[PDB]
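Read the single chain below, which is given as structure tokens and is the form deposited without its partner chain.
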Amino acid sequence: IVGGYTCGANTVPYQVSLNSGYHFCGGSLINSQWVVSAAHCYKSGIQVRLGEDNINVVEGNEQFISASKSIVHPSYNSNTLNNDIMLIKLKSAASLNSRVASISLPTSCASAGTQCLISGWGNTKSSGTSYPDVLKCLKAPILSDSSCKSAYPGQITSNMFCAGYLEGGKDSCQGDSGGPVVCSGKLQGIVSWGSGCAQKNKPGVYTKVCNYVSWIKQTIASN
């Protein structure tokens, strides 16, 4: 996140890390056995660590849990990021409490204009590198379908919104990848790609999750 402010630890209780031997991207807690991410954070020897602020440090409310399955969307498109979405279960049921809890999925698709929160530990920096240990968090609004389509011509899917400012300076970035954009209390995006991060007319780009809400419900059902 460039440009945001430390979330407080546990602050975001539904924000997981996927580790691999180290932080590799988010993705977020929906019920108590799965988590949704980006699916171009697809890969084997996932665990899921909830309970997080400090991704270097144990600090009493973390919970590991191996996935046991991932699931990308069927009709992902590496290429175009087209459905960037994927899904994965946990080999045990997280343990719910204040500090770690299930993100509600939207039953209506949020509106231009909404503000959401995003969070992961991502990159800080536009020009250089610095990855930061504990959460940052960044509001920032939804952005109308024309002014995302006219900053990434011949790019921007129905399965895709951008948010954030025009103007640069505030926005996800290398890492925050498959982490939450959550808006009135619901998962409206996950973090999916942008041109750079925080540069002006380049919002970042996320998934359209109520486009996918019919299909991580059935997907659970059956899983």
Second form
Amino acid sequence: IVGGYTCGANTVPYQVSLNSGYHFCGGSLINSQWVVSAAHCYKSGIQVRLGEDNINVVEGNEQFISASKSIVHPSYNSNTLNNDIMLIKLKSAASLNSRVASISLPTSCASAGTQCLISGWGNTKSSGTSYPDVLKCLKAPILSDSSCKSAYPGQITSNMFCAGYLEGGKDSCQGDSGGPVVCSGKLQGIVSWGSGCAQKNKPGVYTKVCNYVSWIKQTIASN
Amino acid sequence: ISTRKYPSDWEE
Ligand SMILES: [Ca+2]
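Could you switch over to the form solved in complex with its partner chain, since the one displayed so far is the form deposited without its partner chain?
Everything in the complex follows now, all chains and molecules, and the chain you saw is the first one.
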């Protein structure tokens, strides 16, 4: 997260870390046994880390649980990043408490101009690198489709939306992928891609979750 | 199109 703020411990209790001997992506807990992330975060032997704030220190709210299944969207395309969504099943159910809780799926797609909370442990600089210990937070608006498609001509599908600030300074970034965009208590977005981070006229692009709710519920139903 | 995995999409 560039130009954001320290969220404060466990103020985002649906946020998880995907770990392979190091944090590489984020995710969102949607029930005790299932997590939502980006398809491009896919890899074998993932450890899901729930209840994290400082990913580099044991603070005593962590549940570390191994992924038992990874289900990439059947029509994910790694070149266009269309259908950049993936479901992860935990090997054992998380213990749901105050600092570890589900986020709700949306009933409807959100609209341009809504403010959302975007969070993760990604980079905080738009030039060079600085990686935080603690979870970062950003309030950002969903952009019109017109401005989205104008920022990235020919690269925005019906399953993506832009969110952020066209003047730069405030964005998601490397390390945030797979993490949540939450608008009025629903998961509307997944950190996916952009050109650079927090660059002028290059907003964050996010997977449009509302398009996927049936497929998510049926996938959970049948696995 | 640069994905936002750490440290990068291409670095893996
Ligand atoms: Ca920790």
